[PDB]
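Chains P, B, H, D and F with the ligands: place on chain V using the hints.
Protein chains: 6
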Amino acid sequence: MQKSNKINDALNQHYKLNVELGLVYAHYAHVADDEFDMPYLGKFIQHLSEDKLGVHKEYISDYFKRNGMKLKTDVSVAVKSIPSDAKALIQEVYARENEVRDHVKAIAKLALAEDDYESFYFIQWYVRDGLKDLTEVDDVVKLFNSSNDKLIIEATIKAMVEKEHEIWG
Amino acid sequence: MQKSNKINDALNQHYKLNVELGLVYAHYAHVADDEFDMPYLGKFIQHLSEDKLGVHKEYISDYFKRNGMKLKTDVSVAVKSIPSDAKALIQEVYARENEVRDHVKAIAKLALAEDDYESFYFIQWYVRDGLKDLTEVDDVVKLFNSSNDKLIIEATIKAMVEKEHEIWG
Amino acid sequence: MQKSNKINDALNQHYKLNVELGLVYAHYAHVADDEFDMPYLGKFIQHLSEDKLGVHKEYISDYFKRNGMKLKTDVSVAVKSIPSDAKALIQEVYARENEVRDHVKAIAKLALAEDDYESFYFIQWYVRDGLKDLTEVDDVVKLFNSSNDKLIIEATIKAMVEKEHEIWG
Amino acid sequence: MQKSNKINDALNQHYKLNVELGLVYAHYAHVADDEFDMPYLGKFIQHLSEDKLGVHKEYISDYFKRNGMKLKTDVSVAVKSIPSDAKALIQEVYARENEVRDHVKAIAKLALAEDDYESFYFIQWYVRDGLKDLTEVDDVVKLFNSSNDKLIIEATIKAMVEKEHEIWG
Amino acid sequence: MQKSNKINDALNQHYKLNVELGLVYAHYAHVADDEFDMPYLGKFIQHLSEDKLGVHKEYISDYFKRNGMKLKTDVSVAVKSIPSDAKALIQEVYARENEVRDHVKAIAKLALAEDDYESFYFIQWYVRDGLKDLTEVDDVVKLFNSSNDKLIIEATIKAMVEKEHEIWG
Amino acid sequence: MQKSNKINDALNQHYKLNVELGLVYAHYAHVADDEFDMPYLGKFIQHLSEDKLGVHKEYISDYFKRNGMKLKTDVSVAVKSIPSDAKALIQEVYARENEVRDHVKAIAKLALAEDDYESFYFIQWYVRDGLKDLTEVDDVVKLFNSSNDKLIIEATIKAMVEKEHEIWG
Ligand SMILES: [Fe+3]
Ligand SMILES: [Fe+3]
Ligand SMILES: [Fe+3]
Ligand SMILES: [Fe+3]
Ligand SMILES: [Fe+3]
Ligand SMILES: [Fe+3]
Ligand SMILES: [Fe+3]
Ligand SMILES: [Fe+3]
Ligand SMILES: [Fe+3]
Ligand SMILES: [Fe+3]
Ligand SMILES: [Fe+3]
Ligand SMILES: [Fe+3]
Ligand SMILES: [Fe+3]
Ligand SMILES: [Fe+3]
Ligand SMILES: [Fe+3]
Ligand SMILES: [Fe+3]
Ligand SMILES: [Fe+3]
Ligand SMILES: [Fe+3]
Ligand SMILES: [Fe+3]
Ligand SMILES: [Fe+3]
Ligand SMILES: [Fe+3]
Ligand SMILES: [Fe+3]
Ligand SMILES: [Fe+3]
Ligand SMILES: [Fe+3]
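Those sequence lines, one after another, are chains V, P, B, H, D and F.
Throughout the first sequence, residue numbering follows the entry's author numbering, covering 10 to 172, 176 to 181 in sequence.
Throughout the second sequence, residue numbering follows the entry's author numbering, covering 10 to 172, 176 to 181 in sequence.
Throughout the third sequence, residue numbering follows the entry's author numbering, covering 10 to 172, 176 to 181 in sequence.
Throughout the fourth sequence, residue numbering follows the entry's author numbering, covering 10 to 172, 176 to 181 in sequence.
Throughout the fifth sequence, residue numbering follows the entry's author numbering, covering 10 to 172, 176 to 181 in sequence.
Throughout the sixth sequence, residue numbering follows the entry's author numbering, covering 10 to 172, 176 to 181 in sequence.
Chain V extracted, bound-state conformation:
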């Protein structure tokens, strides 16, 4: 029952993505309140940072503990340019989340090729949260194309944060 080295590497790379994304999203959350004057958009993005630098990363380490796989910590992230407005900050988050979806799909395809059924099971969480976290992000992006008032958008975000689907929750 020996562990696939290719999955270890793909999952160590997913650990990295999640760590680094959450570190950018912590900055973007700072920028959303500070520069863009939108406190609740930052709360939304802070909650994403904490999801990524949290359960998304810890589930990988736990799996590794159980399967014999090794953890690798190599992190390199710099926020050197910030988007111009808040619409674009949330659109950037989206872009990154759609990319998470593409990476997760690759781990699933590999698990099936390596006949690792425990890794395919493990990734099913990530297959689902991929669409979910993007759906959440899209719903905020939508708002910026539905109002020209930042204060109306901000109140809609409030309620969204101050709120589980049977398939995707």
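Quick caveat, the hints were computed from the structure, so don't treat them as lab data.
Please note: incorrect hints may appear among the correct ones.
When chains are identical, the list treats them as one kind, so a pair holds in a single copy or across two.
Said to hold, decoys possible - Distance condition first, Cα-Cα at most 30 angstroms in a straight line; then the derived DSBU-like pairs of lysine-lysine: (1) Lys167 to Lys89; (2) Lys79 to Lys151; (3) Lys79 to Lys114; (4) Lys66 to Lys15; (5) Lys79 to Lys96.
Coordinates of chains P, B, H, D and F with the ligands only, in the frame set by chain V:
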């Protein structure tokens, strides 16, 4: 991360099946009480109509909202012949439910061929409810081969309706 | 006390209307969230779909069970064109609801001509829900002529859905 | 929708494994308290016996009831040699549990080759409990390499038994 | 106070009987629902399987722990033929239960011949459950000679399962 | 009331330290359970990771929001060598925590030199948590010099984690 057109079509066809089945099952529920004098068999079939014209159909539209897929509404259903007895009405429901199982299997096979792992996840609900809803139907069919009294059968159906397995519930 | 064949036909046609309307309204609810970015307008229209494909249809079948009338299921519905904006989607719903009012009036007139007093009683529910469901729809249509912000309108719809008159409730 | 004979056989063989393992684990639990003077290690192994001779076996029979598959009961188990110490008794349990993992993987691979998506769904429970039950076992094995006192180990086992992960629980 | 080798052997043989009976009764419970369409008769027989493969077996191992006796695990059971109907399945269970009574009597006679008063005490539980478990079984057998309807019998079994005498409970 | 650029830089460097420390401590927590077989030592170090990558980092960004200071995200961390035992893993954490104390002292000295009294106030939290978090770490280090049993140490850590001083809490 662009959507498979073949899955959209298979899932738009599953939406249609569920809409149309529930419309037949609403008729069959009417017929079970009206013509066949079995009120609780109709309650069982009304509950199936409502499952199909409900969650089975709405989960598809929600997925579509999230993935970029399009909804299509083309419905054509007519109940032109009704079964002769109640045993046969429930046996007809069974037949249709075993066919749901075969259709769902095809969506799963395609998702794996198209490498759509989010659609394979989505269909896992339907893989499971396929067997479940058939199991429920079979359990009523069984009754008609275990009694010659419609009133005993009816009381067994009562209790069954007036009632979640860890794998299939 | 033998049943009027003309009322059976008018009520079998009303069953059809309600089934088919609810199937269009389920699509329109999908479109209101998906394309038009208005989640709560779709919840409003989903609630209408469920009313029509529910109590409006089931009360007819129950009556039929009691009076000797026959149910007919012949459904043909296709959504081939969708309105351009959300104002027009709700204005289309209105149009269809004002037409329900005209059809219900015809069943009432016929019942009185056929001296079916039980059908006139039965239709009194529909006489009342006709104006009610239109009033509800008009109240949403009004909003689109009172704001240019989709997000303000959406919050007014929220509260309206997240809410019985002594004559019309 | 006709049942795969190869899955029936693989699942009838898994039924056998679980029955026979639980019968050995009931003996090993006896031996852990009686000969090895470790009451709580036996409680841990008695709880495994009961899991195997319980839900692991009953879920297979239930599935069979639903899919048309046949149950086969052919059991042959003898405990003819017992390990020398308790470290080795738990290490033997581990070995057997890692083998369960390998067998479950084979059922999954076959289900995908036979295009049995309901069997792949069914086995997902077993894919998960495979790693879980091994993780539990490893955690006890670990203790024997962390203390030379059987009474300290025994108290750690106590607390472990006298205690659900979102992916593996 | 040294242990009788003859009682150890008789009680190791009783352990075997109980293990093997419960494994047949688990099959028969499967067959009662699956083939014979009687879900509650199988629940009754599943409850017997669990009694035998449970307390009947564990009390022997516990005694052994206390008296110095050895446990032996040698199990060989195959279900190669199933009864034709449900009356006969329950009549087969009866036969096997009346045989339990005869075996238990022999352990008691031996204990008194070996002057093992602690084994005579221990067996008093089994002397009592022998008649009890047979009484329960007879009460179900009776039903099959009192109705020709499987659905009436099934409802009587339901209530019996969904239910302690001062001497036999 | 214009912000000191030197404090911004020192506090942006403290943000970096805390992010990077928590990422190493997440690895070390993995290693403490996985390799060193000490689950509760890892829980202790996971709790430190979360403190650092949490409140220690967020309080800096909040301050920045209020004072006009800029956030900088430049992270570079790699775990390339792991300590040999668990005593040394906790001794490494200590070393790093005593270094936090030295860095915090420097921010305080600078604030007083720059006459930034709001930054001196802000740092008072960090002056205090410096000694506290080290005290906590020392208390675990102590254990490894007080027992040779990893399982006794582990139970002492359990209780410590499963547990506010008026000056340092
Ligand atoms: Fe604020
Ligand atoms: Fe979340
Ligand atoms: Fe393959
Ligand atoms: Fe997430
Ligand atoms: Fe009725
Ligand atoms: Fe249901
Ligand atoms: Fe492929
Ligand atoms: Fe269903
Ligand atoms: Fe939504
Ligand atoms: Fe309503
Ligand atoms: Fe008149
Ligand atoms: Fe209505
Ligand atoms: Fe004891
Ligand atoms: Fe368990
Ligand atoms: Fe294939
Ligand atoms: Fe298990
Ligand atoms: Fe059942
Ligand atoms: Fe009992
Ligand atoms: Fe004597
Ligand atoms: Fe018993
Ligand atoms: Fe653990
Ligand atoms: Fe803390
Ligand atoms: Fe000064
Ligand atoms: Fe701290």
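Here is what the structure says about each hint:
With identical chains, the CA atoms of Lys167 and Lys89 are at most 30 angstroms apart within one copy only, with a shortest distance of 29 angstroms there and 37 angstroms across copies. Within a single copy, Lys79 and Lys151 get their C-alpha atoms only as close as 40 angstroms, which misses the 30 angstroms cut-off; across copies the closest is 18 angstroms, which meets it. For a Cα distance limit of 30 angstroms, the shortest separation of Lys79 from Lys114 qualifies both inside one copy, at 21 angstroms, and across copies, at 22 angstroms. In this assembly of identical chains, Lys66 and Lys15 lie within 30 angstroms of each other by CA distance solely inside one copy; the values are 18 angstroms within and 34 angstroms between copies.
Taking the closest pair of Cα atoms, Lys79 and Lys96 come within 30 angstroms of each other only across two copies (21 angstroms); inside a single copy the shortest separation is 39 angstroms, beyond that limit.
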